[PDB]
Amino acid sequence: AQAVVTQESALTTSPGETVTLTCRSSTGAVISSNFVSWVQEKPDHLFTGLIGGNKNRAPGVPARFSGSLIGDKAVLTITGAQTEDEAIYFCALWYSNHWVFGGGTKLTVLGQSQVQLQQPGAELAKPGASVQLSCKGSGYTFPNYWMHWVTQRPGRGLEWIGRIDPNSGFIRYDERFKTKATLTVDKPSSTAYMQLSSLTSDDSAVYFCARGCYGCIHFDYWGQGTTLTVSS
C-alpha cells in the first residue's frame, strides 16, 4: 500500500566486530513473501547485491555476510567486519506489485566478475524531450533473467521503476513511473532499453539496470548507472 521500509541511519564498527543491520516494514512485519534483497553501495554509486530471497547469499559474496528474517524484521549480519565493508547498505522488499527500498544504512569501519551489465556513464537531454537509456548484459544468458530498472536521485533514496522479462515480454511498472518509463529488450544484442518521456530537471538522476528473475537473488548484479542530466 503506502509501504515504507526503515533501516538504521548509521552504524560504526571495527575489524572483527559483528554488525547487525535491520530492515523493518511500516505494515508492522517483514514476511517471506517480501523476497528481501540486501545490496551494498560504494562510492561512485557502485552497487553490489549481497543477499536475495530473504536469506540466500549471492555467489562471490564473502562468507562473513549472512541474512535472515528474525522477529518482525529482515536482518543482515556481518560476522567479522572488514574495512572494505564500509559502505551504504540498502534492503529491498517486494510488496504485492512493486519493490520498495529502505533508506539505507551508512556503515563506518574504523581502521581505514564474469557478469557485466554495461550502461553509458552519462546522457544529456533537454526538458520536454525523451531519452533512451540502454543496458547490455554479457557473461550470462540474457533471456533467462529479468532486467530491473532503478533510479537514485542526488543525496536521496532508491526507487524501483519496473522490470521486463525478455522471454515472455511481461513488464511490471511501478505506479510511480508508469507514464514516465517504457521498457523494451533486444535479445540478439543482449540489450535492455528504457525510454524516459516528458523530461524535466527533476528527472536528472542516476539510472541503473540490475538483474533478477522469479525466485532468484534480485538485484545481484548492477550496471554502473547512467547519470542523466536534463538541462536546456
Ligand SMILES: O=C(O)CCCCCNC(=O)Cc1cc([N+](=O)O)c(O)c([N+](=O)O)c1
Contents of the next structure:
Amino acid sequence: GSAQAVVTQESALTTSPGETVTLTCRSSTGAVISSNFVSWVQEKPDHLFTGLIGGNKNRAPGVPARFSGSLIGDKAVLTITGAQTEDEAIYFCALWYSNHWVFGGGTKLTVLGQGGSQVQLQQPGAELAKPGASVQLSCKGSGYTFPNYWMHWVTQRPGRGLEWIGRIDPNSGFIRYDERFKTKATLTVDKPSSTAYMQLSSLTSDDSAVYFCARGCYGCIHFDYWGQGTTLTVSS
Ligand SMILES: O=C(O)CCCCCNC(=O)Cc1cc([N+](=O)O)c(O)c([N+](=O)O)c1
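What's the form solved in complex with the ligand like, now that we've got the form solved without the ligand?
Below is the entire complex, every chain and molecule, led by the chain shown above.
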C-alpha cells in the first residue's frame, strides 16, 4: 500500500537562541528508509523556500552547519544544534516513494527573541486566467548548467502545504507527473534559453495557488534551490 502515502510532521515547535531543536518526519507506509532519499526545506516569508538537507543526511553547500539531517530509528530527523532567530520558519520534509515525492505537512518553528545567489530560478510574480482556460508558467535557470539538473514543480494552495506536481529532465526529456496532476499539468523545456514551462489546463478556483519550480537530479540535494513562485489567480 502506497496510494495513501502520508508524511507526518510536528505541528509546531518553540525554541530560542542556543537551544537544540529536533524536527521529525514519519511515513505512513512503515519506517522511513534510505530509498526515501529525504529532503528538508525551509519556508520564510513571503513564499521564500531554501533547501537544507538532501539524500537523508547531506547538508547543502551554504547552509549553516547547525542544521543536520539523519534517519533515526524509523523516522527522518532534522536537528538544529544552537538555534538562531533567523531560523524562525516553516520546515517541510519530502520523501521519495518509487515514482513520486510526498511532502509532509510542515512544522512551524518559532524562535523567541526576534528583534546575490549564484544559482537563481526565475519565475514571474503573478498570473491571472479565467475558469476553463489554460495558462503557461515559466521558470528560467540562471548561473548553473541547466541541462545537468531536473526541474521539479510544486504548488502551495492558500494557507496550506506543499504538493509535488512532477519533474522534467532537460537532457533526456523524461517527465514524471504525480497522479494528482497528470491531467492538470503539462511539462516542457527549452535548453538554449534554460527555461522550463508548465501548462495548467481546465483551470478552476481550486487552482489559485503559488506554483514553484525547484532543482533536482539523481542523487542530488533535491529541492536545493527554488524559484520565488508565481501566484496564479483563477477568476472571471
Ligand atoms: O546512496 C546513494 O547516494 C546512491 C543512491 C542514490 C539514490 C538517489 N535517489 C533519488 O535521487 C530519488 C529519485 C530517484 C529517481 N529514480 O531513481 O528514478 C527519480 O526518478 C526521482 N525523481 O525525482 O523523479 C528521484
